[PDB]
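**Student:** Single-letter residue listing:
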Amino acid sequence: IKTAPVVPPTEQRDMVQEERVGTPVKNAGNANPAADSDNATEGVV
Amino acid sequence: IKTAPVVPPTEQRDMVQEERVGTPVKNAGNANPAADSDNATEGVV
Amino acid sequence: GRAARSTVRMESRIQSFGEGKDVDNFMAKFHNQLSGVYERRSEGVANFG
Amino acid sequence: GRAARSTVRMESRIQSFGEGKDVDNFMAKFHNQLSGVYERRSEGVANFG
Amino acid sequence: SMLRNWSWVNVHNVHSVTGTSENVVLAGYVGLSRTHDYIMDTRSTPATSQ
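Residue numbers (the authors' numbering), protein chains in the order written: chain A, 1192 to 1236; chain B, 1192 to 1236; chain C, 101 to 149; chain D, 101 to 149; chain E, 646 to 695.
Worth flagging that the hints you see were computed from the coordinates, not collected in a lab.
Any given hint could turn out to be false.
To be verified - To give an idea of the chain B side of the interface with chain E (calculated C-beta under 8 angstroms), a few residues: (1) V1212; (2) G1213; (3) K1217.
As the list claims (entries may be wrong) - Here are the simulated DSSO-like cross-link-like pairs (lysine-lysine), alpha carbons at most 30 angstroms apart as the crow flies: (4) C:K129 to D:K129; (5) C:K129 to B:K1217; (6) A:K1193 to C:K129; (7) D:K129 to C:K121; (8) A:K1193 to B:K1193; (9) C:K129 to D:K121; (10) B:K1193 to C:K129; (11) B:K1193 to D:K129; (12) C:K121 to D:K121.
Note that the Cβ used here is the ideal one computed from N, Cα and C, for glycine as well.
Take the sequences, apply the hints, and build the full model.
**Tutor:** If you want it as structure tokens, here you go:
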């Protein structure tokens, strides 16, 4: 048995951190966001 | 997950502070406190 | 390397985390533990802590 | 500025807040955190703390 | 060039755009509340997104 001094549970707080490597684009779920333009065969106002 | 040392909840106290920029006048809710005098056409003793 | 045309860079960027912490308590833990290595109560140890 | 007739002043006035506090505990937090900047256990840091 | 900018006028015909004067003595920002909140990590940054 080894009794060791630890940090009291009430003087620390677990905080969830979300780590990201880059900011997702506007049309993140779209494989081809350029197909709204390539399929505008009548024009756009 | 990031465990960080925080301040224990029992060793600090939230205290409400009321910040004012100036002391309100005696007749604060009165737009014209001078109409009690301007309408004393008989006099005041 | 005449047709490479591709570049790679790395951002060592940081944020600020948590609210209601105590920085003096961690700073005490940091500069007390690394005392046989870097002198405590130093300007550099206080900054990094 | 010949017809201004208007003046503006600002009062940097303070109060005393709270009861039952501990000033030595905050003063420890203040002068420990700003230790890589201003030297702790100084007369100025103790006053402002 | 200063007579041409009506510096000759009766200064009693110049009216403030409110028609009133003013003597302001307001209790102002000292900064003790904000520095206190920074050390306690309660509200470290007070500038809002707006």
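**Student:** Given the hint that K129 (chain D) pairs with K121 (chain C), test it: the Cα-Cα distance must not exceed 30 angstroms.
**Tutor:** holds, 12 angstroms
**Student:** For the restraint on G1213 (chain B), tell me whether the closest CB of chain E is nearer than 8 angstroms.
**Tutor:** holds, 6 angstroms
**Student:** Hint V1212 (chain B) vs chain E: min CB-CB distance below 8 angstroms?
**Tutor:** It holds, given that the least Cβ distance between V1212 (chain B) and chain E is near 5 angstroms, below 8 angstroms.
**Student:** Within 30 angstroms, alpha carbon to alpha carbon, are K129 (chain C) and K121 (chain D)?
**Tutor:** Answer holds: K129 (chain C) to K121 (chain D) is near 25 angstroms, not above 30 angstroms.
**Student:** Compare the distance between the alpha carbons of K1193 (chain A) and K1193 (chain B) with 30 angstroms, and conclude whether the hinted pair is satisfied.
**Tutor:** Roughly 26 angstroms separates the two Cα atoms, so the pair holds.
**Student:** Check the hint pairing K129 (chain C) with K129 (chain D) against an upper bound of 30 angstroms on the C-alpha distance.
**Tutor:** Given that 30 angstroms is the threshold and the Cα spacing comes to 14 angstroms, the pair holds.
**Student:** Please verify whether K1193 (chain B) and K129 (chain D) have alpha carbons no more than 30 angstroms apart.
**Tutor:** holds, 22 angstroms
**Student:** Do the alpha carbons of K1193 (chain A) and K129 (chain C) lie within 30 angstroms of each other, as the hint requires?
**Tutor:** holds, 22 angstroms
**Student:** Against the 30 angstroms threshold, does the CA-CA distance of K121 (chain C) and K121 (chain D) hold or violate the hint?
**Tutor:** Holds - the C-alpha atoms of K121 (chain D) and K121 (chain C) are around 19 angstroms apart, at most 30 angstroms.
**Student:** Holds or violated: are the alpha carbons of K1193 (chain B) and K129 (chain C) at most 30 angstroms from each other?
**Tutor:** Holds. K1193 (chain B) to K129 (chain C) sits at ~16 angstroms (cutoff 30 angstroms).
**Student:** Please verify whether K129 (chain C) and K1217 (chain B) have alpha carbons no more than 30 angstroms apart.
**Tutor:** violated, 56 angstroms
**Student:** Verify the interface restraint on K1217 (chain B): the C-beta must sit less than 8 angstroms from at least one C-beta of chain E.
**Tutor:** violated, 18 angstroms
Hints 3 and 5 from the earlier list are contradicted by this structure; the remaining hints agree with it.
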